[PDB]
Structures are given as C-alpha cells and as structure tokens.
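What follows is a single chain, given as structure tokens, in the form deposited without the DNA.
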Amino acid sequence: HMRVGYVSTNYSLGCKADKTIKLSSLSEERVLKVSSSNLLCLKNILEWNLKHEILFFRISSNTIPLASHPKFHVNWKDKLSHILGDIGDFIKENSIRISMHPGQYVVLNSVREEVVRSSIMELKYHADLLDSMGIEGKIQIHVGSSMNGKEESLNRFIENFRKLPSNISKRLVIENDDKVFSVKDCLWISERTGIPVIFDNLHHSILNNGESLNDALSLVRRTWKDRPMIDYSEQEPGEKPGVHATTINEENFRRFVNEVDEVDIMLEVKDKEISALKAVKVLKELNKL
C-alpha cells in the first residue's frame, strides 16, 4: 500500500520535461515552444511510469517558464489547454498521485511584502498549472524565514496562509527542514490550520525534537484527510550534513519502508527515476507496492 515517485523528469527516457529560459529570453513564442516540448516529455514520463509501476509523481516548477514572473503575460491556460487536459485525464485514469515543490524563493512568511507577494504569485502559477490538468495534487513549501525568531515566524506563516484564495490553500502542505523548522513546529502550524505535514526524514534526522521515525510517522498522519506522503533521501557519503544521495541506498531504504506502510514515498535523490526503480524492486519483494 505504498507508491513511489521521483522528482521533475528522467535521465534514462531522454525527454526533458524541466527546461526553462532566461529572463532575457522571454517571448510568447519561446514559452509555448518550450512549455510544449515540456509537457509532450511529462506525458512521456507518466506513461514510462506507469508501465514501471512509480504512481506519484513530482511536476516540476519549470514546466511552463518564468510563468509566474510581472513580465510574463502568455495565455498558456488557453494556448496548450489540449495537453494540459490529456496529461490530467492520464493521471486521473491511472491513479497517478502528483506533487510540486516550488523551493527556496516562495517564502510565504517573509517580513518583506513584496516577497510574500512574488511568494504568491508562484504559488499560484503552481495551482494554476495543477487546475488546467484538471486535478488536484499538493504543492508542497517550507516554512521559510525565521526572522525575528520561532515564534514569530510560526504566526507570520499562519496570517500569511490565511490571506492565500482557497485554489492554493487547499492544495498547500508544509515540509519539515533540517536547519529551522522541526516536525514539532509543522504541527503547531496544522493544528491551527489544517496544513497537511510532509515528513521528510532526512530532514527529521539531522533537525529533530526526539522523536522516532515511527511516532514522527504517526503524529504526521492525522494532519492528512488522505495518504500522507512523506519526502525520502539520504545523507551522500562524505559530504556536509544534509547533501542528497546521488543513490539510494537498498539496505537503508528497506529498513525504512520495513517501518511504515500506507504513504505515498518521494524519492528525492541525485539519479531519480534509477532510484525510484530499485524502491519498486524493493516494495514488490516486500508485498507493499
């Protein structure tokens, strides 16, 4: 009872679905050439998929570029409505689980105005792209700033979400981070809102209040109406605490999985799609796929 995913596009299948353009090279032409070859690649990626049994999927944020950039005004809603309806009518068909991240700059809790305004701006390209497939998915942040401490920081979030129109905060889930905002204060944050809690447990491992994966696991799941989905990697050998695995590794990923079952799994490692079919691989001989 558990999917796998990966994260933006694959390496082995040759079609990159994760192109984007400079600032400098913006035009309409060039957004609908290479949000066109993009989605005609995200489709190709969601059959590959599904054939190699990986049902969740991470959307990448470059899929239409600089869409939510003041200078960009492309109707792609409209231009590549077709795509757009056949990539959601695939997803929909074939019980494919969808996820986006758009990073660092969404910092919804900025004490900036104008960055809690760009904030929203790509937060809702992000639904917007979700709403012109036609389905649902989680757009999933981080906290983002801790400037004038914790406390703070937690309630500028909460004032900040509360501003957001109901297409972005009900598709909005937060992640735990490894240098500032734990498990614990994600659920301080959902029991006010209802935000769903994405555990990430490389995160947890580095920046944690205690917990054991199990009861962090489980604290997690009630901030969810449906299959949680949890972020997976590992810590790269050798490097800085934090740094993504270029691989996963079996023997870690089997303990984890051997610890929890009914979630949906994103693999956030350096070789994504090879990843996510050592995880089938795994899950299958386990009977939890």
The other form holds:
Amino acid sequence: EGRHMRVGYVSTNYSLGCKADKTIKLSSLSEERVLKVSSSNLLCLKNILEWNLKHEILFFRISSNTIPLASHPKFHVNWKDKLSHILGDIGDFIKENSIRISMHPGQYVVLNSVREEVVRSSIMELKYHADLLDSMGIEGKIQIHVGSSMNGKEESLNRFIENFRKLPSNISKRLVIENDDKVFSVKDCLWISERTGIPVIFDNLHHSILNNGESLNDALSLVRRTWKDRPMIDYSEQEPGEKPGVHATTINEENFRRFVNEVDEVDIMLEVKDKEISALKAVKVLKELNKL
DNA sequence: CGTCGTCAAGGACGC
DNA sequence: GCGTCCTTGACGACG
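Structure of the form solved in complex with the DNA (previous: the form deposited without the DNA):
Full assembly next; the chain just shown is listed first.
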C-alpha cells in the first residue's frame, strides 16, 4: 500500500494573488463581462492547479463562481464555445496529472424543496455544475446537502428521493450528498444512499456534532460502501469556543494526525479559511506518515 | 486610489 | 415580519 490519500482545498489560493472565484453583479450581466471574469477565473485556476501539483495537492474543489451567474435565468452567454480551449486545457491537465475534482454549488440548492420553483432553480444550478465539468471533459463529484426539513424528515427524505430519481443522468451521476450539523445526519444520508446509490460524503465536524453514536471508524466503514471509487471526505475543525459549526481559520497539525491516522484510502477536502496553508500542513503530516 | 452601500437565490432561527 | 448567518466577503459606483 503506497499512496492512497489525496489532499485538497477550496475555490482559490490566497498566497498567489490570482483570485479564481470572482463573480459579478446582475447589473453587470453581459457577454463581455461574463467572458472577461470567466477567463480570469480559469487562467487562475490553471495556475492554482499547477501550483497544487507542484506541492503534492492533487484534490481540489472548484469554485461555483467560475462562470459567474451561469444558472441565472437572465444569463444567455455561450461560454461553452467561446471558452472551450481553456476549459479543455484545464481538463487535460487535471486528468494527465491525476487530480480529483469536486464542487459544492452552495446553499440555494435545495433539491428536496416543497416549492417547485426552487426545485427547478436548484436543478439549473446543478446543471451548470455538470456542464462545467463536461466542458473540461472530466467527471468530478458535485456535493450537496439533502436540503430542507419542511413537513418533517421522512417526507423531506422522500422529496429528495423522488426528485433525485427524476434528474438527468449527467447531473445524477456526479451527485453526492453531505451530512449536516442541524438536521440530516449520516444515518439519514445512508438511508438515502440505500434507496438511490448516491455516494455519501462524511463531513467529520458535522458528525461529531450530529451523530447517532457512530465512532469515526464505524461511520467511515459504512460510507465507503456507498462509493464505487475512492471516498472523499470533508475535514474541518471547530473555531475554539464558538456556537459549533464555525470553521477554524486553520487546521491543528496534531488533530489532523489523530484523524488521518485512523483512516486510509480516501481523499480529503480541507474546509478552513486559510485554504492553501492548511493544505501545506496536511501535505506535511501525510508525507511523514507515508500515506500521501 | 479609497470609501462604503449593496448584493440572485432558500431556509431556519432568534428577535 | 424583519435581520442574520450559510462552500471563500467582495462588487463596483462614485468621488
């Protein structure tokens, strides 16, 4: 057993002055603005991925802002054709250099909504995520939360299932779900996976905060079963003494050992404000453990 | 250049 | 009913 764990971080790299998560405001919407910001995000993303490889960070969560406002209903810009060259170039690199990709389209995606409008708009946002990834000629996972709780859980869960079951292939095939710190725990997520085949992503912090008494190694074991290929997870840490769920501004290098050491054969996304810096710490610990 | 009013969006919460 | 906080607070008009 050589490698088997990848490390990633999210959206952009601060230590590089090359923002890849620039968006724009509806008042600016036009073909020119969209292309300009889309090109600069993508030029930076190439760079960010070149730097990641250089520093043995082969996992990355792509910003949803990459093509700003792409899902907005007033948005009608043919970014797929215009930007096809860069987009292909970034994908070829991702695949040539064995990089894992994910996206996390945000909180406005409630696929189990009671309001149809929000379902349809949720699907458009997912559509953009899938379109982006195809445009790079890559697979990738799109992670989301189960969504709302209205009318209690098992209706909510079924609203999720019924809707999931209706999505187009090339969204559903990328879709994985994450456990949260309020409503839907892992046990719930598994409930869904069992009925859907949806891969579950374990967010460690949301789980130590909302569990049914599953120990880390028990929880992992069950999730693993929901993945065809190699599981992803989200690793975050608490910000000391806050109303729990607040992401630490960086990772504690010891907490990370304790954790990564009861685990192999997964890729880890780091959810912390200082982004690449924690990625570097994460790369140290694993290099040390021969698990990178 | 620097300041700061405003930002597409759902849903849950505390007031 | 309104303000707040949620992958990463930052866009961009105005002087």
